[PDB]
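To begin, one chain is listed below as structure tokens, in the form deposited without its partner chain.
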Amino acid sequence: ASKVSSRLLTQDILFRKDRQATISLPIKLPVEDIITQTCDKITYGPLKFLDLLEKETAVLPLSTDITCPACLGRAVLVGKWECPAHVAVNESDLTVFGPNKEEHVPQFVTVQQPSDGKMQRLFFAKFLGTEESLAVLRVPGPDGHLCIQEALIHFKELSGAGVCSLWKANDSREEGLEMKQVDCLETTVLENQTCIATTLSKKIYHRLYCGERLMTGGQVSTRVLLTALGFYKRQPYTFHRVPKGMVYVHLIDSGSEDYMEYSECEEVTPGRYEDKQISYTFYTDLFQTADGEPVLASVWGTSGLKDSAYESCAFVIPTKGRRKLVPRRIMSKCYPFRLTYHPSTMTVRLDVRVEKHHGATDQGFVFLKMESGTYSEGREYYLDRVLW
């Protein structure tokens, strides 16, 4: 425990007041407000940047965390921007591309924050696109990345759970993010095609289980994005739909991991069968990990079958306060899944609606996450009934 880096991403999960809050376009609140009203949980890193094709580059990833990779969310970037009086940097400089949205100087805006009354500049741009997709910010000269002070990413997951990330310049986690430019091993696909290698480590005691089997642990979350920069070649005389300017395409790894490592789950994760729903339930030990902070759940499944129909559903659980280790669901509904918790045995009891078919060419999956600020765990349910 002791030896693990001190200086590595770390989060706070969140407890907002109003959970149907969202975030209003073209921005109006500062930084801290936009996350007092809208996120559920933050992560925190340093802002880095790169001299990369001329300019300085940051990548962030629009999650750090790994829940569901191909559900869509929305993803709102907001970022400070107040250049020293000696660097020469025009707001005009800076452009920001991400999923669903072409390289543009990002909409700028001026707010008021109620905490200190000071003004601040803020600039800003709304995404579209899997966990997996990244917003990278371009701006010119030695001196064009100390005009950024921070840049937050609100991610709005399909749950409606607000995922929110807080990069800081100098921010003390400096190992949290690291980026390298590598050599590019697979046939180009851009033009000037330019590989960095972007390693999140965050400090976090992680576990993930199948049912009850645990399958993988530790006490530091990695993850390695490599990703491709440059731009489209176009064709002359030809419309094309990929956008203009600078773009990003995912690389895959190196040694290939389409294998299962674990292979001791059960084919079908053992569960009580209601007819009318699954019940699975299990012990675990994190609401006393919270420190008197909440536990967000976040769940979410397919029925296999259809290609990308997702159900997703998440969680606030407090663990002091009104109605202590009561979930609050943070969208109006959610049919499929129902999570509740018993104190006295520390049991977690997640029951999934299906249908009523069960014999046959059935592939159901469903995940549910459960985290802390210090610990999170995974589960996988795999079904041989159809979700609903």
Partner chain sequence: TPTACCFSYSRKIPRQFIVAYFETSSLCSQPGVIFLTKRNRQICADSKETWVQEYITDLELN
Second form
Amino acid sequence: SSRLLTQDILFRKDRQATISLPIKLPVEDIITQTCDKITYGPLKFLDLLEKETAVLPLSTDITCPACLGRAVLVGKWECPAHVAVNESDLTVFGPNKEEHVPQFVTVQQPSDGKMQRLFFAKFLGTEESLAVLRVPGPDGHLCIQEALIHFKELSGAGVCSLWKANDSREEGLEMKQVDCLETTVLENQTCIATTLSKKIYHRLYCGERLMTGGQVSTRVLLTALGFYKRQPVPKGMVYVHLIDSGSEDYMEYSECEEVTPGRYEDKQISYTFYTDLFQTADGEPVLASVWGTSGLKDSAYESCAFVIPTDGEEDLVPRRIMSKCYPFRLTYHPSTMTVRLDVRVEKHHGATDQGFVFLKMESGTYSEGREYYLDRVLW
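Could the form deposited with its partner chain bound be shown next, to go alongside the form deposited without its partner chain?
Only one chain is given; partner chains and other molecules are left out.
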């Protein structure tokens, strides 16, 4: 009875390839050729502000909430015979523009003879960005068969999420309107609480000290929808992220070492830990995502991503998706079941020097995140 979201770590053939424009492939072939990780969930709508509204995250699992990325929404369009809805009635908006009509395109692949009528839109925002679909009438929702979302993170890893209509994972995404409390100034502000529930054995450490664990990772999106004030035709809707911080406390970090232990050297720091994530993968790929920021107000986000095959030719050796990872180096030792992370740092220690690194290794069913706190400056 697994009705939650699920994810697979794909072993894409061309890791250099990305989403090519214009759209030339069916949704399935797009996933197969540009996604290193896919997340399957339901496509649900909600009648709001005179139109059925669906809210989808550009990145389901927030590896780096502040990192910028390039997202692409590609949905499948087909209205049933008894539905007289025009392509011009579907509107979308994201982190960049107001509600508008997306561009449509018909793609054909003589390989299998398939043909699809797609609608697409391009976005550029942080991993916390959103994409909102709106279709009119009570039957518009039936025209959207499925919605793919490709998100090329800073590390160059393709993080996709497919939201099919009538998907068996009906509990992976639950959305329910909430009161806005007049938090925003948007005219006719309507707040939505989208809960994302994924079946994944997740553990979060700080160095080698456990911080949290569970059999399901939940994320709650509190979003305000409305319109900007105007002065005396088009109804251009926008959204505003709402941060509900009263719920949580900082107890997990209360006991983490101020400076995560590690092997300090001249130009790098090395962290070792024991992990069974590669043994539980059971011949499945592992997506390793590491990123670090040595800055406060702002500093260059160093991000990297690898896909580790857990059996076969070239066994248990990281395969690179980006051009190359200078700031970070990662190697796995199967004999000891230990992982070693290397961070390039500046050879001079000093006061006020605080850096942060985050390594998230995840398979289809397991997920480990490890936070490292440095007293040096990241490259």
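The term rigid core refers to the most C-alpha atoms you can superpose between the two forms while keeping them within 1.5 Å. Numbering follows the first chain given and starts at 1.
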Only one of 222, 90, 115, 192 shifts by 2 Å or more at CA between the two forms when the core is aligned; which is it?
115
